[PDB]
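Take a look at this one chain, the form deposited in one PDB entry, written out in structure tokens.
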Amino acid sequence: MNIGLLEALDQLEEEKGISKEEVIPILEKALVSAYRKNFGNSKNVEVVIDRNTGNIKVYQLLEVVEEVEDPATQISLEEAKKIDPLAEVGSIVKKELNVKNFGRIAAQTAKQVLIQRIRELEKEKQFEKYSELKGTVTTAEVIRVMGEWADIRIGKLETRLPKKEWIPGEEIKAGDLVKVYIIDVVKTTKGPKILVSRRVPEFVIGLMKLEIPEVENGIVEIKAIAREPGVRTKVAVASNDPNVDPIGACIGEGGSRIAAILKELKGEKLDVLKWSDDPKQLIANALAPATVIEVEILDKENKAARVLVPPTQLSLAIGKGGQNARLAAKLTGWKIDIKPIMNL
């Protein structure tokens, strides 16, 4: 609307690289709308900016006709030709207008446009976002829960945490800070969205990586995990460095570390056990708590086994509703059958 300087200078006045190869065509469009809501929709106008100074200049479009009935539009052939020598009836001629004000300045909207094109690059666009730290755990701020999900923020991004991906039975509330595992980050037609969960098995691995330097390190390796969300998780670990006790690094100084882990799990148990290449020792480590007398392989190629336990440890080994033996079986890939002994 106004040619009051502006432009060029405001073009990247510190920060970011914005090619006006697109900033202006959008500004023009907006400026036409700007010119509109700041005078009237009586005149059909075009806003042009042929680079250089740019200088906002508007033209009133007029249809060349045989007889003028609406002077705001329409123009005679004779009058049209003075503007464009080649004009014929049916042609459109463009008459340049001036400027004005009427209180405030409309031209300032180029800002809105300018900024809006900034918010778009704020989304990395074209791809998704470097915020694609898929496979990790991060903290998020809970901004109101909606029943079936919770809106939460991570950095300058917000995303839904479906109640289906919450730890079963836990309770979340606005303000709470929660740890979440990042399954993926997808660039949608509304900005990048981070897919999150607190219930998949990798969430537990991520918490371990966070609280246990040796796990982040590789010094302690996670060889297997079995998780029943909200109930319990068994994880088998191995130490690469024969001088590092894997159990000890996971548990921490005085049970710290695991305490931090268990806190985020809002009540879900975690059995940290030692991995073994001998399936009989692995299976026995996996059934803790409970002491096994011995493991009998019932099938080497199909991995099935019969586990013998002292009576007084029968129901402990199976666990409430079979949870202990169930998790042990899942963790090991072996079919397990628990049987009480009979000492002679």
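Positions refer to the first chain, counted from 1. Note that the rigid core is defined as the largest set of C-alphas that superpose within 1.5 Å between two forms. First, how it differs from the form deposited in another entry.
- With the rigid core aligned between these two forms, the listed residues 120, 176, 88, 84 include just one Cα displaced by at least 2 Å, namely that of 84.
- Once the rigid core is overlaid between these two forms, residue 101 counts among the residues whose Cα shifts by 2 Å or more.
- Relative to the superposed core, residue 131 shifts its CA atom by 2 Å or more between these two forms.
- With the core held fixed, the Cα of residue 281 is displaced between these two forms by less than 2 Å.
May I ask for the structure of the form deposited in another entry now, the form deposited in one PDB entry having been displayed?
Shown below: the chain alone.
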């Protein structure tokens, strides 16, 4: 490809919106560089791309002085006045330098520049797309794992998934494909950077949207959630469609859906329960497998209640380290106290 510089420039400013006035200058300076690292490094040269033809012009600069110390950089006022405009000591004087064999080189450095300009446009294009992924869950590939973070890959982009943000207790190794939640996408003065987490509660929601269509749809709504990453998540759902059972849509065909969810959560426990406008029933739904007999709303004001359960389900209702009641408490917003019936 000969010069053909104007060629691409016009095609680019129309194919990718990149202004040629932003490129010519960057290119002109790179050409001086190319001419130097290619031809001699003796002459102080300047390069100008003709805006009507794109033909590259190359001028040798010279200081018009009163001496002859360095012919290569200086010129008397008689050698100057002549060949060039009406100079004066301490002025500009550009001798054009007809010189072939540069056409080749110039083309290459032009290619480079155009590509670097494109990569920049592309970078601004990454931020556009990937911001649309904000608030969703997407699979990512773990490139490497270092102490406090793992470098993961999402599409053409790459970010860190800090260890502080992954499931407390989990292991992640290079080559792994882990799902992450996009908190936000930010424009960093070094490419767009996607903020991700597998610990945040929206992660569980994100997973549900994937494995469960009606949740992506809206046919099954997630009314409430409470998550203690690594240990347990309780999530309350409802169907905006009385034809679909919220729970059934979540458990899935032979339980393949919570199965996929649970696996992704490693050891984390997940409780899927029906939401209810009736606090007493909500609470009862939140105490998971324990069977509640009655909820005693001893404060319809400060949202506090007493729950009575069968003796043999007292510790089950409460849970290891009391995680069941605590999580049901966070999910409902009510303070709950569990008690065995008939026996103090």
